Amino acid sequence: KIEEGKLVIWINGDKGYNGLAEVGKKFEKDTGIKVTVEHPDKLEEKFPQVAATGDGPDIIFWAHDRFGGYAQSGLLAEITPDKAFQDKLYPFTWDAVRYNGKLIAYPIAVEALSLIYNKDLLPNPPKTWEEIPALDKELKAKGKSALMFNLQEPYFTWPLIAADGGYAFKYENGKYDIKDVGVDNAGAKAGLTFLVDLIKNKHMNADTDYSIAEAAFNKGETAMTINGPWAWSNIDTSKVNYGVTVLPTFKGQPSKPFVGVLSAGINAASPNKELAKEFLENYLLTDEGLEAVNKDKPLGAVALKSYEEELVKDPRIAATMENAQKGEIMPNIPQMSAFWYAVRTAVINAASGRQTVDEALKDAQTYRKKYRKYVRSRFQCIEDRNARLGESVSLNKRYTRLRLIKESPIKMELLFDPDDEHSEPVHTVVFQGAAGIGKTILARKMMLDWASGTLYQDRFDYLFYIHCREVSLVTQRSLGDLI
Amino acid sequence: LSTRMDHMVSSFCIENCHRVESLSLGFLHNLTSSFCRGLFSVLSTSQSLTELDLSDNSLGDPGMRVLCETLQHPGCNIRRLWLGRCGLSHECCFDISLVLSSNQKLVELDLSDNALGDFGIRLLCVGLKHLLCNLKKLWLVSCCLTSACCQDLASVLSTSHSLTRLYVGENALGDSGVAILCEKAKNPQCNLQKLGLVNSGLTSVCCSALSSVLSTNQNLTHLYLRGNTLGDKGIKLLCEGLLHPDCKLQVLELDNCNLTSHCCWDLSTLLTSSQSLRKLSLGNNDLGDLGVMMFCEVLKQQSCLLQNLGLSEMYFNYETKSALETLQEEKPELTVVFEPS
Amino acid sequence: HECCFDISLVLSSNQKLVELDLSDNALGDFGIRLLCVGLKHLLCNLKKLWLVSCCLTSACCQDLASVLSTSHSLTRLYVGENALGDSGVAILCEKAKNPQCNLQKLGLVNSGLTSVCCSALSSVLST
Ligand SMILES: C[C@H](CCC(=O)NCCC[N+](C)(C)CCCS(=O)(=O)[O-])[C@H]1CC[C@H]2[C@@H]3[C@H](O)C[C@@H]4C[C@H](O)CC[C@]4(C)[C@H]3C[C@H](O)[C@]12C
Ligand SMILES: Nc1ncnc2c1ncn2[C@@H]1O[C@H](COP(=O)(O)OP(=O)(O)O)[C@@H](O)[C@H]1O
Ligand SMILES: CCc1nn(CC(=O)Nc2ccncn2)c(=O)c2cc3sccc3n12
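Chains as they are written, first to last, in PDB author numbering: chain C, -230 to 176, 201 to 276; chain A, 657 to 686, 725 to 1035; chain D, 784 to 910.
It should be emphasised that the hints constitute simulated quantities derived from the structure, not laboratory data. Be aware that one or more of the hints could be misleading.
Stated by the list, open to error - Derived DSS-like pairs: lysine-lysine, alpha-carbon spacing no greater than 30 Å straight-line:
(1) A:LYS1015 x C:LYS(-56)
(2) D:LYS880 x A:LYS823
(3) C:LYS142 x A:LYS927
(4) C:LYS(-189) x A:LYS823
(5) C:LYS138 x A:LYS927
(6) A:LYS927 x C:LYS(-189)
Construct the complete structure from the given sequences, taking the supplied hints into account.
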């Protein structure tokens, strides 16, 4: 079902809906063709189904990242602006809507994570990330923190991680290189290492979430936090003299926040290609068109070159666009869902529980090896406790071979093997001897030799030591001795 | 059938039958003789018989010769012939080839678990490359084959207008072997649809050859590599092929393939990138307890995968099982995930 | 026997080969079965075939006999030093007796022949 004869627009209700409708109504009066604007809930879930049917809107207003998924499915029409139109919008936003070389949507507005600060505590924010530690120490003397932000959401840590040459997916010729991921290289490692060190130095905790960072800022406990324009509406109620600026540099480079570009896509099945194109190109993407939208709900930084100059009167918007210009276009490839997960489990665990070098190393700790090494280390000393005339390590190389016989001498290896024949293996082996004969020493040597890969390498994956001296008979427990 | 009495009784009833679609025989301690000849002579005239199953019984080469003669009958009409653990040797391949060269009704031939060594293949290929051979499905699983035989199988893949299903797993068709098959399977005109390189000892080295085929051959819909120690590097290379926009592979089976945590990134990429993949049977391998959590998270964004996601024969923690159960309930279009329980 | 397949291919297309000596090779009965494919094929102009001491048994005579029957060019057949006993000779004779058989020289030299098979040879000699 194609809605021929009319132009239909779907947009999130949290956007300048009434304004866009005004642009539509003006368009109608100027051209004679009516434009209908609707704002259904979860349009990002329903649009893909109607677009795949031919039903639904002609124009879709949403984030440019999701549009890449539609483009892969072929649910969006190609847009065909000339250079006369392409040069109207910022030169870096055209990549936001570029899928494998094709343009699939018109950039409308540009979001970025800017630095939000409290002029009452810090009228002069630092220009270098390295200065924050010192700032925090000075503020701590005053009882305030230099910087607090959400560290449980990688979206806000990225600006720093990518600062030293790190990147998500390489963007070379208009197409993202899916197999080339920049979260692993030195540029990312240096950034993350620095961030983790800031946590260890108690400038930031590891568990700050969105609500905590905002509450602390709006309360006056922190000099500054990091956020996007979407949150500005909740920063006025504090009546704090706040400002917005460009984030600090790292080793000479600017931070690189993910840049989220709002764009207007067109339905693949719609015949209203010239109609949708002219609507967006010569009416909406104008200073007057954007004012109609901004009038209802502020767009923050906008894709229009001329409109941003008009809005330069507000430094918050100027800072946002400056950050976006220096930032990284957030890739529109569906592989980002994997990326977001990959960083979510990177930053949180890197902050506490393992090192930043460990984090990227294929989860090399597969437990089996982790335990073997734990055992290898733990049993290097004959006692690994006090009482040795200075507590020096005796060194287990001092072990002198004890005689082992069956109730010819035998070896520690082949100990659990079947006897002469019958294919009958032994599960239980008992080592008997007088107290002081070396029962414990043999057991400790055995575990060390196993951990080092010199005994029972193929037969056992785990050895669990039960020290009968430590295990009581009356204490209730499950088989937690394994822990 | 046990004794001569059973042969004349079975012969009588089968001959006087006008609606038997499938016959399964099981010669017991009687062949390697003409003892069964009397019955095979009946099968030749049964116009309603489409499937003849002679698997898992001793049918010595001489017996296979008798059968082949009975399959050259103008009125044979047998479309499916199953010859599993029959104890056949390369000697019978000559007689099979003769049948393929004239019997235009035979479509599915299963020669698995016979000693049809490389030489035997060389002979079967004579029939397979011959016009009038309409064979579509061929199983050569566990036939004591080596890479040498791929030189002839590859020629069949290149010229056959009819062969679509080729299963050559459980053999020594290692890296060099598959590379030969790939070189010809690569051709856009190859009619190969299902490639059963199940357990051929394949390694990461040859995955570039499989990748090439996946990239170019748009007719290949099913690829089974389970049991090959492909490794993580192997998956990486295969993915490069699978991520190519022209790849049409629908089903990829990867059971124990000596996989580890690293490959999860490439598999995750595969899950969301390919528009063709429908089934990805990751099996008994150490995929990783965190690796699978990435799958859980990404398989929400309108993934095209609908079928088995594997993850069987793999131990997962509580939170992981919960996430997988949640996925199964939230996205019913994914038939079944298939956890261990 | 593995090479017999490739020999057969040559016989099927090489119209110049006249004399082929495959003596003292392990071209068992199966190998003969394959060579006979080429030998029974038109364009095969082979006139002399030596299969002396090739680990053959009487079973192979079923195919050699067919070659003798249909081959327009095979005149020399040497199959001695094999296990082509009485029953094998009888099989060959049943086709060699045909007035149209082109066999000129028959080398049943040392094949374990006995008095029993002599009637079969007698038939061939008479016809
Ligand atoms: C997206 C990249 C993969 C691509 C990559 O790493 N590409 C370049 C590497 C090779 N280079 C030679 C170019 C550089 C060497 C770095 S070196 O530091 O040696 O100089 C890899 C690298 C580290 C990977 C994570 C960890 O595994 C831990 C964990 C394992 C689980 O299962 C799945 C989840 C998780 C969080 C993983 C996600 C993802 O999978 C990451 C980010
Ligand atoms: N080479 C050795 N082999 C065994 N025991 C040794 C050796 N050298 C010193 N010892 C000492 O012998 C004692 C053996 O204690 P043991 O009777 O095995 O302990 P438990 O009663 O806990 O089994 C310890 O004091 C230990 O340090
Ligand atoms: C010197 C005493 C001693 N003797 N023996 C031998 C022994 O116990 N023989 C039998 C025989 C029959 N029944 C019981 N014991 C030890 O083994 C021994 C160990 C540890 S520690 C301190 C002295 C000691 N010790």
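Hints, verified against the model:
1. A:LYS1015 x C:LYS(-56): Between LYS1015 of chain A and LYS(-56) of chain C the Cα gap is close to 36 Å, so the pair fails against 30 Å, i.e. violated.
2. D:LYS880 x A:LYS823: violated, 38 Å
3. C:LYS142 x A:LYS927: Given that 30 Å is the threshold and the Cα spacing comes to 27 Å, the pair holds.
4. C:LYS(-189) x A:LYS823: Roughly 57 Å separates the two Cα atoms, so the pair is violated.
5. C:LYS138 x A:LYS927: holds, 22 Å
6. A:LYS927 x C:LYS(-189): The hint is violated at about 40 Å.
Of the numbered hints listed earlier, those contradicted by the structure are 1, 2, 4, 6.
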